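Number of protein chains: 2
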Amino acid sequence: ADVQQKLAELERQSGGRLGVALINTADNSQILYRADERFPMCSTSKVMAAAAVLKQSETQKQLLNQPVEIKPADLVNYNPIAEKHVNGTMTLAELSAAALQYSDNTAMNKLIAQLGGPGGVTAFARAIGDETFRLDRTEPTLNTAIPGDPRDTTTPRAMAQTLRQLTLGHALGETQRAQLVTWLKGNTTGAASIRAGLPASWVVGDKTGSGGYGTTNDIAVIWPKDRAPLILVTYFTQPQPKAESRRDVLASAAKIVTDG
Amino acid sequence: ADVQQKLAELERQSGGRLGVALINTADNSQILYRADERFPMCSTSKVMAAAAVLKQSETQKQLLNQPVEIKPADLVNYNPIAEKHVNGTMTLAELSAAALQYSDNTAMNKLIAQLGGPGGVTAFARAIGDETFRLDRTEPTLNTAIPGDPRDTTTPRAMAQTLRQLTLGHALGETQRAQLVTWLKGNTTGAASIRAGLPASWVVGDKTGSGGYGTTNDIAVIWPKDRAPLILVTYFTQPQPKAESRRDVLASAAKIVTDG
Ligand SMILES: *C(=O)/C=C/NCC(=O)CCO
Ligand SMILES: *C(=O)/C=C\NCC(=O)CCO
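Sequence order for the protein chains is A and B.
The first sequence runs 27 to 57, 59 to 238, 240 to 288 under the deposited numbering.
The second sequence runs 27 to 57, 59 to 238, 240 to 288 under the deposited numbering.
Bear in mind the hints are in silico, worked out from the structure with no lab data behind them.
It is possible that some hints are incorrect.
The list treats identical chains as interchangeable, and a pair is accepted whether it falls inside one copy or across any two copies.
[Stated by the list, open to error] Capping the alpha-carbon separation at 16 Å, the derived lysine to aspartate or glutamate pairs in EDC-like fashion look like this:
id, residue 1, residue 2
1, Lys111, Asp254
2, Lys253, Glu110
3, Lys283, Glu272
4, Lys212, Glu110
5, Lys270, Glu158
6, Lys283, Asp28
Based on the sequences and whatever the hints tell you, model everything.
Following this line, the structure appears as structure tokens:
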């Protein structure tokens, strides 16, 4: 009501396109803004890949311990963890943490390969009831975020529903659900995004994303002071290929939908 | 300099008092702004406490695995990790990680108690040649940040020199230095502060703080794309007791001093 008006006011001054999906698990209420429009996921896609590899680890005992070779030719555009291990190895646990907490694009490419390509991540999405998610490309081209391109996109509504099932639902075994939530809570990249819009007392696990067209994304599980968890997806994209990131817009969207 | 004009402009437009110390380890060059003025450290003091415990673990080789009791009465104002272990235990390693990466105030009180009180943190600072740093109080009163109050203060220059010795120098043993850097690089709270002012490709370990009078702090070790490491300290405080935190001022400061 006032929230829809305020989200429209924010978008109108933002210089881009804003998508919001909030799920309040206290009462299963939702706040949706362009929640059925497709947005480029960029690195928010890493949550689906890490979750798919967690699911694999329910049946392959010690999968997370399995060392994976990192070669110089594996490195892509953003490799803060992987570069230390070129001509060496990282475990699937280390690749999962590097992708989620550091947004390591080489780490994500090893998760994708472990799942049999982009289509294997999409198949996992389908298996947990997400019919909207699609991963089409590897890193780093999955972040081109070209307006109108359906590659590597989802909708705020579908991503909010998926994150709820992965982090609070029974899409994963209990140990795997706890590991995902532990990784998301240890994110290093999120303080300027959704978190920036919330009271300092609230606990957040999130995964950010960014790419071309100034695309600026965050998906978060939020444990508010004295309240049941929230799921929040904030996606934002701009019309110019070289636009700057707008994490402030995401913070503003989070303040609007949580202001009560 | 251009840099001096930019920092003076940032400070004046912020309404506050800004303290900046950059060390460039390529050539030991410095950028300095009010770098010898005292500022309330707030949670940036956690680095000295965690480093003091690391130093103790060089002679007490099992210390980081020691279980510490968390009682309900131990909980202070911000306990994101410790509240999960009330009526249980956490190891000194888990408490160091909680303090550094989550700014857990109950975890910091455990580190202070391990060192025999705020005096024990100050004694470690003096053992590594920091004659400026003082810790006077426990959490959460060490964050009051009252203008003119010398308690729980240091200077940007002294904290930058100290962070250099701890993370890049020989204040700690090689293992302990590596562990401190690993903890700082895994900080969850920093993406809106120094990091937000830097090129995305630069790797950062940092410790934020905030307290009374809108005090907003960050201390960081920076491995730039293709350059020798930097140490940067950005301290900020405001005249009004319940002023808003301003992490954007620290990001602006970081951009100004690194743009060259
Ligand atoms: C995913 O959204 C991005 C992953 N890493 C590439 C970067 O450059 C991260 C910093 O924006
Ligand atoms: C740190 O500066 C002061 C307290 N740390 C915990 C807190 O109260 C806010 C988040 O850092």
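Structure-based check of all given hints:
1. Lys111 with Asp254: Intra 41 Å, inter 14 Å, cutoff 16 Å: inter-copy only.
2. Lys253 with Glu110: Intra 39 Å, inter 12 Å, cutoff 16 Å: inter-copy only.
3. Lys283 with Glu272: between (21 Å within a copy, 15 Å between copies)
4. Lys212 with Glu110: Between copies only: 15 Å across, 24 Å inside.
5. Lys270 with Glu158: neither (31 Å within a copy, 48 Å between copies)
6. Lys283 with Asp28: within (13 Å within a copy, 36 Å between copies)
Checked against the numbered hints given earlier, this structure breaks only hint 5.
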